[PDB]
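Just the one chain here, the form deposited in one PDB entry, laid out as structure tokens.
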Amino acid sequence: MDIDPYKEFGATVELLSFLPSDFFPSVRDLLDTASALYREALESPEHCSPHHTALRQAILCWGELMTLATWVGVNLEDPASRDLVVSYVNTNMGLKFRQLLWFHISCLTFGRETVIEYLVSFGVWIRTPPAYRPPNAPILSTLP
């Protein structure tokens, strides 16, 4: 099964490649945001939303990958290759799960429409060469 975790909502992994890899907050920051805003809903026994479902599954997935790598890292006595493997983990899995979290937390806080329009506008911005690029980048906000 070649599944895209975003088209079920209205995006794709190539619409989120508009945002660089250095754009997405840390997994810690995003988990803290979730615990702050939607912890009751995530711990709830109800299908509050597909975003909640996917976010629960994503959180559990990350916990499981961390468990595995930690158990492996303790077993390993070589720190060189230990940093190698944790860098692989961070880069690949960490980036995809940072996008997954960002997308869902944002679609919950601001809206899927706003999030997709933001992706488009940020693609425009980051495509625009810097000499003609405004400094006031677009940003998701509930304020003027």
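Rigid core: the largest C-alpha set superposing within 1.5 Å between the two forms. Residues that one form lacks are left out of the comparison. Positions refer to the first chain, counted from 1. What changes on going to the form deposited in another entry:
- Compared between the two forms on the core, the listed residues 68, 84, 36, 60 keep their C-alpha shifts below 2 Å, save 84.
- Comparing the shared residues between the two forms on a common core, the stretches of 3 or more consecutive C-alphas each displaced by at least 2 Å are 80-87, 129-135, listed in sequence order.
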Given for the second form:
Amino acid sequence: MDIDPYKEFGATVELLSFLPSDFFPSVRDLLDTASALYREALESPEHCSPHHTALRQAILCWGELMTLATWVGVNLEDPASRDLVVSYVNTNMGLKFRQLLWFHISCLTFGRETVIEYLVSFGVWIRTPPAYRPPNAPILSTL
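Rather than the form deposited in one PDB entry that you just supplied, could I have the structure of the form deposited in another entry?
Next comes a single chain, given without company.
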């Protein structure tokens, strides 16, 4: 079916493509962050939050994709296709994964309205010209 993984939260793919693809941190970095900050609540037997649920399912899915790609590469004999699997994964699905993880982690941490206003402001900013925008890229802080 046609589902938007964010509209149950108050966002949309059209709104997260409003940021450059070179903005979203790497998958490994986001997973490390997620461990460090919410391992005890993702591994928890509680409906702690919809973000927790969705993040769990996403992590399991990335793990299964990784498993599959490693298996294909290990079985295949020639590199041309022993690589193309993991390569295409990190190309097309890595972006979706890290957009979604960024969303969920950032929300759980800072706030949903904050993350949304940040998306909007950062798009407006990265689209405005430098002479007439503030010079420092926007960023999220708990400090």
